[PDB]
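Before I ask anything, here is the structure I am working with.
Missing here is one protein chain; the remaining ones are kept as they sit in the complex.
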Amino acid sequence: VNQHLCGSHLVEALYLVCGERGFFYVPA
Amino acid sequence: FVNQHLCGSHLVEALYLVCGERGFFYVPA
Amino acid sequence: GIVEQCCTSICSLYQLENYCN
Partner (left out) sequence: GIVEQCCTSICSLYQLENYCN
């Protein structure tokens, strides 16, 4: 139910939704 | 201004993506 | 339901994912 995507859950969400584009992740 | 709302085909298509192998059930009203 | 949540309002990823299966 948590709205917030934090930490390794964020990288996982991007894995999912970016598919064959892939992505750039940086925490800063 | 840019729209964040998912409606119609856009919502079906989000479902399609996020649900991947799990599938989904959908009913447009 | 999802229209009220994701179309009328703005929904987060896990609210969307909750409508899967």
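The first chain written gets the first letter, and so on, giving A, B and C; residue counts start at 1 in each chain.
Following the convention adopted for this analysis, contacts are C-beta pairs under 8 Å (C-beta built on N, C-alpha and C of every residue); 3 or more make two chains touch, one makes a residue touch a chain.
Think of the hidden chain as still there; on subunit B it touches residues 2, 4, 6, 14, 18. Annotation for subunit C: contacts to the undisplayed chain at residues 10-13, 16.
Listed by residue number, the positions of subunit A touching the unshown chain are 3-7, 10, 13-14, 17-18, 21-28.
Going forward, only the chains that are shown with their structure count from here on.
Here the CA centre of subunit A is 18 Å from the CA centre of subunit C. Averaged C-alpha coordinates give centres for subunit B and subunit C that are 8 Å from one another. Touching two or more other chains at once are residues 17 of subunit A.
Multi-chain contact residues of subunit C (touching two or more other chains) are listed as 13.
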